[PDB]
Structure formats: structure tokens, C-alpha cells
Amino acid sequence: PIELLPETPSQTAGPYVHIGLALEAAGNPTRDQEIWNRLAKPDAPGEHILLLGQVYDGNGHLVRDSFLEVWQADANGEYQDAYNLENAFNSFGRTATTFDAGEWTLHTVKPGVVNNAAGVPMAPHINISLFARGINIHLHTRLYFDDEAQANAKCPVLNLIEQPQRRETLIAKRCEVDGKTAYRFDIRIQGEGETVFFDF
Amino acid sequence: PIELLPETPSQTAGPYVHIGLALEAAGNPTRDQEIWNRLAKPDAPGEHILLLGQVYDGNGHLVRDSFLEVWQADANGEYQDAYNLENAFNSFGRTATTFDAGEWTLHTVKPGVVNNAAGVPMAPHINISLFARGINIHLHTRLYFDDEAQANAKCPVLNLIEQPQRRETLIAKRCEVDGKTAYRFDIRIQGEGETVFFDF
Amino acid sequence: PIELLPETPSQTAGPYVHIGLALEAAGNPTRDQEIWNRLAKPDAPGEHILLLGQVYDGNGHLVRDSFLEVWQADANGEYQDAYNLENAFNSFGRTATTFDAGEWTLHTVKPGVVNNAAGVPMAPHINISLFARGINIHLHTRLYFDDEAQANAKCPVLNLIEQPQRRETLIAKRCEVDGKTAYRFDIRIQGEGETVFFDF
Amino acid sequence: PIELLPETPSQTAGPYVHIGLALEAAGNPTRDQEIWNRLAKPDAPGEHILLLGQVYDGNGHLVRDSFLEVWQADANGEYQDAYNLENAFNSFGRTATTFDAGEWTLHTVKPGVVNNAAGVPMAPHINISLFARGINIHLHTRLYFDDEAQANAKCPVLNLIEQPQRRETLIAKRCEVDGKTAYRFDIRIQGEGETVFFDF
Amino acid sequence: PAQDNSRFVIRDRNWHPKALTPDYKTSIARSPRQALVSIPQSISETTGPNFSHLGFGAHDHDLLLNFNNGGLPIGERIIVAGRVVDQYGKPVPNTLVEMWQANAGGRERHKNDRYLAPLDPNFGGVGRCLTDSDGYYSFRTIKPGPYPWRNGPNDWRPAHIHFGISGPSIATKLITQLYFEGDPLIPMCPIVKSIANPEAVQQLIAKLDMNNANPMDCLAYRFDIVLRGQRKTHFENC
Amino acid sequence: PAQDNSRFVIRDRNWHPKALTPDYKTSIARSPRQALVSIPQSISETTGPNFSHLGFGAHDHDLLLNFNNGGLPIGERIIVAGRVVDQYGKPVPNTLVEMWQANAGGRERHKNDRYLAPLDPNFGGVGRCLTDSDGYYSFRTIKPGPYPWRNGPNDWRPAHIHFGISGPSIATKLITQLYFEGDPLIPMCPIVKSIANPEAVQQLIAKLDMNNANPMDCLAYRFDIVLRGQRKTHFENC
Amino acid sequence: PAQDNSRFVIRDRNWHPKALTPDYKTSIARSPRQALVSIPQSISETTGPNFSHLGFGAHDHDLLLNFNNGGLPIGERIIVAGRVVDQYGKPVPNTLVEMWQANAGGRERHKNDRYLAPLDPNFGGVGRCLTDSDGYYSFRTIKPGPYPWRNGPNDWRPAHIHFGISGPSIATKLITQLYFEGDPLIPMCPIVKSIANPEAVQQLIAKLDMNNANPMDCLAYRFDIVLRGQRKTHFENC
Ligand SMILES: [Fe+3]
Ligand SMILES: [Fe+3]
Ligand SMILES: [Fe+3]
Ligand SMILES: [Fe+3]
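Quick mapping for you: the protein sequence lines, in order, are chains E, C, E', C', D, D' and F. A prime marks a further copy of an entry chain.
The authors' numbering puts the first residue of the first sequence at 1, with every later residue one more than the last.
The authors' numbering puts the first residue of the second sequence at 1, with every later residue one more than the last.
The authors' numbering puts the first residue of the third sequence at 1, with every later residue one more than the last.
The authors' numbering puts the first residue of the fourth sequence at 1, with every later residue one more than the last.
The authors' numbering puts the first residue of the fifth sequence at 301, with every later residue one more than the last.
The authors' numbering puts the first residue of the sixth sequence at 301, with every later residue one more than the last.
The authors' numbering puts the first residue of the seventh sequence at 301, with every later residue one more than the last.
Just so you know, these hints were derived from the structure itself, not from any lab.
All C-beta atoms, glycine included, are put in the ideal place defined by N, C-alpha and C.
Please note that the accuracy of each hint is not assured.
[Unchecked claim] With a straight-line Cα cutoff of 20 Å, these simulated DMTMM-like cross-link-like pairs (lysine to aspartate or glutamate) come out:
(1) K532(F) <-> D517(D)
(2) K173(E') <-> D199(E')
(3) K173(C') <-> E194(C')
(4) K532(D') <-> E3(C')
(5) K318(D) <-> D199(C)
[As the list claims (entries may be wrong)] Stretch-level coverage of chain D' by chain D, calculated; a stretch enters the list once three of its residues show a Cβ under 8 Å from a Cβ in chain D:
(6) 383-394
(7) 453-461
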């Protein structure tokens, strides 16, 4: 068969992943421009939301050294690839769970509807990539919302998961933190209530 | 040492095992003579029973594409090997679980007692072979009855299972389906309350 | 692929092929029972014919050391395999061209119609096998008759030969030798007017 | 020595070359634009001629499945490489012989004079490429005209053929088909009067 | 009735595929975590059904004619033949050989198969044959095409025919898959790779049989099946 | 008009098949007995047609849609793609690549083909594509099936697609055949064996391309074509 | 009468010697220039003569006694024995095996043989034997000597015995030559070299059989003959 050049193999992000990718969370001095958890500036269009969650291992214990990267569409359902800190909204962002804060936070807007390759509408989602010590190659997942039940039942990607009980793990529960709209999304890497991870 | 010709390796029966071994269950037209779940005709000697069950995977979910083959003796404790659809009783039968019916059914009589190689009597049993997608080589098990407690405690095969809590998984619970004598035999392939599988 | 045992390779019959297969033609004493050119005894059913011909090489010169074997059906279109010198007709016979007689002779009856594998009628034919020095592996040919033009135009084997001009080489011309019905069949191994040779 | 990448090996065009390169001749429906035998439209400059011929194998039999490609200059001696069906003249064309029509036809104009690499004028010619079953790698030849005797005797390509009797095979005989100027060019692939084939 | 007079050679479970083979995804949740319990052979295990008296139709083995809605199937006409022997080389006569496959495009005749390749109105994909006195079987069908499945993002099953063989007992019963010679998809399939030993993968590859082919008609493939060795009981119960 | 500015590398006629190859029967009467006459390259040989302005239809390269009588063809959906380069590795842009094949069963859409395998009412078997700026071409079709032919008593052609490539000149023009990876019929075919060198047979074998495959849809094959090397004229006529 | 129930494996014409082998001079004018026409097997080709009822003399297989004019032949007393099987390994019973050879000096009993080595008054050189139930034949003769022939200026034929085997049909009918183990003239003979494959030459070589030799009497040679494989018809005419 036709063999291409092999891809450079993955290695764990390591315990001290924060010194290079999350400088403030690592208690080290920052540079002028950093890629962090504030995707939307207070004046950006759409419904402003606060995302929070914890990451658990197979023994039900907190992963206090995880690193997460997010990729989502804007309120109109468009992906803004040109990253600039002067933009009202950026489609990319980074967050982490530390020893001081075992809970990650993300400030963004609720994403609009985007279509798949076949032209069929996908439910509002946020693409997540999980890195940490013990994770040799990053885990890919999606975050869906509980107040969008009608679109979640018709999503082509969510309907690919055979068992309905496993679809529930990708659904973030709505709550309120200080008068601001918030969604809680816990990731269970292994065991009971294990989060669905993707390959693409 | 002495090496013989190697046995042809096993492969999974696949998700569509029904098109070749359960034509009716596959929604396709049947041939004149088929091998199915009716082991005994109404005028056959012995106690007429109905067997039913569900197959579960390691996550507690139903296996809707399982295929089962049964081998049992008659009421007089004899194995009828000459398969014919004109016979009042046949020792062989096939059943399955479909997406439409996630529960398999088998119409037969309660088997008689048969002796092992050493002349010691075995408790009334039905030999089952389980095939499905995800199962590389078929699983062997035995179905015992709960109302035969005295014979089950003396069975030389059941006593080979070290732990008594694992013997209970091979015991079918007596119930009634539409005012007819029935026994329920659920198979748990993996996990909590895992069914004992044999090798011979 | 599947490989079977290889067939023993062919070698030329050699210049002195007559000492072992045509004893009388070799001027050597014969044994009690010999396989020769008299297929039909004077009292056998059907139209009694005399076949004669010469064999030419690529330079138009006579092959005076050829050996031929024939196989034909009887007047009713049946192959008589049980060779016996007491039979009125035998389906097998042998002939040769010598230095004393550069022309071969054969005394037989005209064959009846036999069907091919598909049930389609073949025209009256005689299967010939040619052996000689210089011929490494024997040549297979068929002899057809000129007075059976209607059947020759419809024969499945004769119609397999692409060019109509090459079909004429397998057709023996009718003549008369001393009041007896005779057909002349010349074989041209190479060159102008080359005889069609078969593979099967 | 210096070795370059090897050229992809040639294979026979096969008996059914017509389904991909002569759709009309194959009795199949044609596409909007096809490459066929009409090189010149009625209002094209130069002397309008009709070319025809038959292709013969080594046994003197007609090759009814031949496929021919032609390349010629216009009346002014120039090669029109930009193929378009709207043009009055195209330097390229394709023709064939079918079972229905064992004779190929080509409608074009008489080509003008073109110079070789050394500036010496070549006689009016048409470059032909012959493809068919049995022909492993295509045969190259040239068509010259009999009424151009003075230019043919001086042609630097025709003078490379050692024997003058072999040059006559490349010369098309002038005749008339339906009161129109025509030239007959028969190709003999093998044997007596074999056509000169080129290598370049 | 059937008697306890035979013993079968113990299965080499390191030759056969293992239950847990991660790359074949569905095997993760459908494999036992507890060990298989070994039991001696008895009349329940050493006996099995005999299908000599089963009413076989005339075209049960011929997939080119057993569905027939007024025509012939589109695809490479092939004959699949071979012999059913045990580990000692002894033939297994009067045994049931069952088979099922996809059409020339990889589409299977089942409601759950939603692959975009069309169904062939003259092809069913089911076959059965009883082996003769010398253990030989024969099927006439079309060569199945490969098909994709939801395992990895670009996983493709090689062209295959699923086989089911009964044997003299339930101890010999086997379901397997036949693969075709030279198919480049064979070393890539995770179901094939469930078998650890490379020499075992070779036993599943049907070889091109030009000798069994019908000239100007159909090609042929040879597939020999080896079942568990059968021997007589000796020195038992002293 | 076209000009005489290029020279083409001379063909290696011991790499390419010979005219007289006895096992391929029809080649006996259709091969020259006299030697080919060598002539220098001129404007007649170094120039050729350019098909950039030819009116290509939207589905000319797509054999899954270019015949369409109300459906999809039965067979293994495949993509046949590759690059057209010369002997120096230089791409050949805007060149005509033509192709023709049989259906999934080995039946060709021609009146003279009387093979018993049925015709596919949704498959024609003809394709054309013009290479892009980088010399790439692409076709979408079904994988053709093998077929028998009257040569030897049991001769079978391997699954193949016939190719026709124009190039920058009539000197580069080539007609060839593509074969598929691992096909056991390749070392047995007398048309393939017309080529003496085994390394040359390998250049005709299309390799399985999983990287160019469309997941859950169609497989892919890679076939690179190498034409005669083109170089500029130097030190001619002194 | 004979019936059409058998099919024979097609001959490998690249294993067998070709028709045109120039080093064997007489083959140049006695070989067809046109290709052989392939035809399907019918009753005319799949049937053949059976010689069970032919009246064999008591010494027909014994070349030491079948000529007899007063004594024994001069030469190495040998037994030539073997088995006639088909390509499947199945024995060919009640078949006709005919043989002819030269005397100990290379002189054949024919008028055209004017070689200066004398004739043996007690040797003829002809033998015939019908194979038994298991396909075995046996001949008792003297080892033939080499002889020269007008081909090249110094060509010598190795020591050989010509063999003629009938088989179940005219399709299996074969004439060949047996050679002796270790004879240094074998690789130098142009008739032997008519066979291209060196592994094919090996099948024609008789091996010394000390096990089948009679102590204090005669040596023995083994020569097994393999005829075209016979199989029953299947899936014909549908
Ligand atoms: Fe580190
Ligand atoms: Fe399958
Ligand atoms: Fe000799
Ligand atoms: Fe073709």
C-alpha cells in the first residue's frame, strides 16, 4: 500500500505542563500576550456564559494538573481562526485545574449552530482537548448544553454514540454563579460515568 | 513433542449473523426447512417449558444482536442427534435476540438426567453456545434449574466452580409467562454477576 | 495459488517410433494382438470409408516417419472405449507414414453426430493426434468431411476458428479408390495452408 | 551511467478499445464533444481529400478491430496543436475499422511542407499510430502521396529506408471515391509487402 | 441415541483469537473478565446434531440461483470449495457447512446495514451444503466486496464470506471467516489482527484454484477447514 | 502554431513489451517481422495535440454518474488517482488521460463481448480527465472484475482499467493497463508476461491508498504514470 | 459406450517443451507457426480407449525373453518399475504403458539405423504392460546405451527408454522419454534442453532403486508417471 511519512508520536504533557502553557496558573511571571480562558470580552455578541468543571480519574479522585484547550463557533455559528487579543471574540482558549483551584473556568458566549460535511445541523457544541500527566495522547470530547434538548436529540455526532446513557456524559448542567448564566461540565476519564472521547 | 494439524481459527459471527443463521429474524424470506427455537412439538413427552432471557455486556446494556445455540437431552435423559423437523423432539435448536425483540425465546421440554464419564449423575442441564459481534470465539455455558436444588448441589460439573456465588449465575429462576411454566436465564458477559463460561 | 503435482513432460516420439508402436510398418515381427488401422471389420454398421493422406513439413517436403492415432464415434454417434479385436467396430486405431509408403491409410466407418457439453450437435469428425521426430509435444487436429457442408457450417468447434479460410484445412476431400468411398486428408504442419491444431 | 525514472510500460489497447476511444463505433451513446475523423470542416483552406484503407495481418486477413491516430500539418505547413471542435482545421484525428466497416476513413486536407531539424524540407506527410489487440506497443508510420513524386525522392526521412522497394509501402495511391479526390493507404503489419514502421 | 465414545483434542486458545482485543472496539464490553472454568468432556460435550435428514433445497448451495427474481447477480462468478478434516487428517463426512456474505459492492441483505452501495435484486447472500463421504463441500457465488464499518475512522473489512461448521459435536462447532488471496486489506483489519500468530491468519486465506475453475465461465477458490481432532477413549475410569 | 524546441528521451524497447510474444496468441500474426526504421526527431514527432479547450462534461471523470439510468452501479466504489510525470520527475500539466473498463463482473459494454456475466444498467465504463497544473488526475469508478478470453483453454485477465495518456507529443503518447495490488492473476496472464522485466510489471500495479480514501464511502488506488523525458535542444546543426 | 462425466486439468505449455526449439534441428520445419486453437472439452476429448481386454502375451513386459532366438541379451540386467498417478495423486488403474529402446550399444532394431554398433540377436527392444489396480507397472530389460545422431557435429543422445502412456482419455495421452540417474550426457542433449525448466527435466530421470533390485541378479530403476488431473464436472450449463 501507499505509505506516507509517519506522524511525530505523542508524549504526555507532563506534571509541569503549566510552566509552558499556563504561566499565571503556574505562579510564574507572564509575557505581554497570553492565550487564556477569556474568549469573549464583556461587549461581544450573543448569550454570555461561564463554564466550569472538575476532572476525575478512575478512582474518583481529582486531577489537579490537567490542561484543557477549547475550540468553538461564535453566536452566529462562525469559527474565528485569526487569533488576536483585540477581538471581541476568539474561537480558541486555554484553561487548567491547579492545586489551588481544582476547578477550571472559562468565560465565553454560547456557540451558534454549524453544519456537518453533509449539510445536516449539529447541536451547539464546544470542542475540548484534554492533556495531563498519565495521558499519553490527548483526549478529544464535546460539551453540549441541557437547555438545547431539541437540537441534542437530532445531532448527527451525538446520534453516533450507540447507547443513549453515554450521550448524557457530554451534556453540561445549567446553574447560576453570582447572577451569571453558568454550565457545569465534569469529565470522568475512567470508570463509572466515563465521558465519551472521540477519534477523528 | 507431537504436533497435529492446527484447528482453523475462530472469527466473530459479526453483526449480521442473522442473514445466514436466522433468516426469519433478519426480515428475509425463509427456505422450506429451518433450524429454529421449536425443539418440542405439543405432543412430545415430558414437562413442556418456555425459556427466555436477555444478554448483557459489561456496561449493563442489552446485546441485541446475540445468536444462541442449544444442546439438551430429552425427558428420558437421551440425546437425539438425528435432526428432523418431523420428530416430536429435537435435541438441537437455535434462537436469537433482535433489535425488535431484545429477548430470546426457546420452546422445549425439561431435560432428564445424564451421567458424566465416571458414571456420576449430572443435574438437568441445557448446553448453550453464545455468538455475537465483539465475541471472537464463542462462549460456552450451562443452564440449570432452581427447582432442582437437590440435584444441583450434587452435580460434578457445578461443583468444579470454586466459589458457590458463581454457581448461582448458572441457575435459571422459575417464573410464569402467560400461565405457562417458564424459566429465566439472563447472561452477563462481563462485570458484576458475570456468568460462568466453560472450556472443554 | 493451489499447485498440483506437475504433469510428466512430453518428449519427441523419435525417428524410430515404429519399432514400439507400429511393428509391421517397421519391418519387425508382430505379436498376436496389435492395435492398427482397421477400426471396422467388413460387416460393421454404417457407411464404410477409406481415409488416406500425406503429412508435409514447412518446406513442402514429405514427413515419412509420422505416427498418427485416431479416436472417433461409431455410425450411431457412440464412443466404444472397450478395445477388443473381436468387436465389429473399435473407436481407436493407429496408422503411420513410412519410407516405403509416404501415405497413411485407415479403414473405418463414417462417424455419427455427437453433442458437445452444452448439448449442441457437432459435425461428423475424427479426432487425430500427430507424433513424429521434430514434434516435441503431439499435435491435436480434427478431420471433417466435404459432403457434410450443412453440419460443418453449424459446428460449435469449427466456428471457434476466427478466420473461415483456416476452417477449410480440416475438411477432407471426397474421392474414390477402386469402387470404395474415400476421403483425402493432407496435414500441413507449417507454412502455406497450415492445418489448424487444437489445445484442450 | 545516468539512469532516469523508467517509462510506464505499454500494453495492448485490447479488442474493445472502441468503448473508451471510439464510442460511436462501439454502438454506445456519445458525449457532447468527441475526437473523431473529421479533421477539416468544408470551409477550411487547402485541397480537401478523403483517406481510406484496410489493415492486414500476416496471413493476409483483415484486422477489424484496429484503432488509428493521425497527426498532420495544415495546407500552409503548420501544426495546429490547440484542439477545438469550432476550428476549421484540427491537426489531430482518430479513426477505426469495425466489424461493420472493415475500412477506416478520414476527412482532411492535403498537408503542406514542413522542415526537419536540419532545415531540409520533408515531403507532404501524415503521421499515423496504429493500436489493436495483438499489438503490444503501438506502431508508428507515415503516409506519403503518389502525386508528389518529386518531393518524395528528396525527403530526408524516406531516404533513410535503405531499400527503395520498402519506401513504396509508405506511398498512398490516388483514386476517386464518389467523384471526390481520395488516397488509399493499406497497412500490412506482417509478411509480403510489409509496411515500414518507425522508431523515434 | 448418541453415545459417549469420543474425546476431542483440547483447543489451543493462544492460536485462536483472545476475547479481549482492544483494536476491535466492541470486544471491550463483550469479553469475560473472569477465567473460563475447565470441565472434563462428557456426553453433553462429546455429542452433537447430525443434519443428514434435513430437507435441503436444490439450489441451497448455489447463491447464483437461490434468490432469483428474474436474473443473474452482478459480480465475479466464483466457486468456493474445499475439504473438512480434523487435526489427525481424518475427513469429516455428512457435516453441515453454512455461509453468508455481502454482494459485489459490500452491501449485506439486512435492515441494519445502511451502507450506500446498492442491493443486488438477484442476490441474497445465504448458503448451506452438507459435506459428502470424503468431507468435500462446494458453493457457487459471487466474490463479495469490502465494506466500511464504525470502529476506527477509516476501517474497512476485507472481502470475506462468513462460515459456520457443525462437526461431529458441539465441542467441534466453529464459526469463522474466509479471506481471499492477496487482498491488501487483510493485514490492516482489526478483526483479522485479533489472531496473534501470523501463521494462523494464513489458514483463513482461501487460495486461487485454477484447476477447479470452469473455463469461460467462473473462477475458483480453495478453503480447507480443520476441526478438533477426534480420538477414541482409552484407559478411562481405570 | 507548434514549434520544434523539445527532444524526447529514446524509448527502451527491452523494458516495454516486444512485438512478438507467442503466449499472447494474437501477437503472432500482428507483429512486424522486419526491423523498425530509426529516424531523428523533427517537428512532426516532437509536437502533439493540446486538449485544454475540449468541452469536458461535469461527470466525464465520474463513472458512478456518467451513464445513470436512474441509479448507482453495483460494485466496489473506488477512486483511481495519481500523477503524470516525465522521466526527469517534471510534472506533465494539462494532458489528456482516458480510461475504459469492465463492470464488477467482468462484462464490457461492447456488442462483441458475449461473456455470460450480466451488464450493469447504471454503468458505462468510459472516463476522461485533464490533468491539473501539478499533473494530478482523478477518477471515481467501481473496481472491475476479471474475465476469461479465448487464448489458452483457461486464461483469465486480471482486474484492470485500460489507460490512454497523450503527453506533450505524439512521441510521448501511450496506451497501457492498470492492475490492482495483490491480484493473484497478475503472474499468470500472458498479456502481463509480454513484459520481460519483473520490475516493469510493478510499475503497472496500482497500490491501495488508504490516505486518499473517503471514510464510510469509497476506497482509493494510486497509479503514477511516467512518460518519456523532455529536454531542450542543445548543440544541434552545430 | 463412454460418457462425458470428467474434466481434465489444462496443460501447462511452458512446463512441457515448446514446438520451436532450434537446437533440435528437425523441429524448425516440423513446428506450427500459427497459434493453437483452444476448444472446450467435450465427449470427444474426455473419453479414450480402455485396453483391459487386449490379449497380452506372457512375456510382453519382459524384454529379456520376448525376442528370444537361443539366449539372453548382452547388457546390464535391470527392472524398470513405477506408478502412474494423476495430478491429484489418484492412481490410474488398467492403463496402457508401452515402451521401446536400443540395445546395450545404442543400436535400434530398425532399417534406417546404420550405426556401426552391432545388433543383439537376442534383443528386440519392445515392451508393453497394463497397470494394476494401484497404478503399478513393471518391465524387465537391459540398460540401453547412448548413440550419436545427425544434429550438431558431435551430438550424443543419453541412455534412454521411450515411454507411451494412454491414460483415461486422449487428453491424457502422452509420449515421453526416461533418462538414467547421474548420466553426464543429460544436460548436453538438445532434445532434453527442449524443456526450459530444469525442475521438469528432473521428472524424466529414473532413480536407482536398490530396494526393488533382485540380489545376485538385476538392478532396478524407479520412474513414476504423472498424467493430467481428472475431476468430475460441476456447475456446468447452470
Ligand atoms: Fe518533563
Ligand atoms: Fe461480515
Ligand atoms: Fe530414441
Ligand atoms: Fe480489457
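Hint check results:
1. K532(F) <-> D517(D): With Cα atoms ~16 Å apart, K532(F) and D517(D) stay inside 20 Å; holds.
2. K173(E') <-> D199(E'): Given pair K173(E'), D199(E') is violated - Cα atoms ~24 Å apart, limit 20 Å.
3. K173(C') <-> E194(C'): Holds. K173(C') to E194(C') sits at ~16 Å (cutoff 20 Å).
4. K532(D') <-> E3(C'): holds, 18 Å
5. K318(D) <-> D199(C): Distance of about 13 Å is within 20 Å: holds.
6. 383-394: Contact hint for the stretch 383-394 of chain D' vs chain D: violated, 0 residues under 8 Å.
7. 453-461: holds (count 3)
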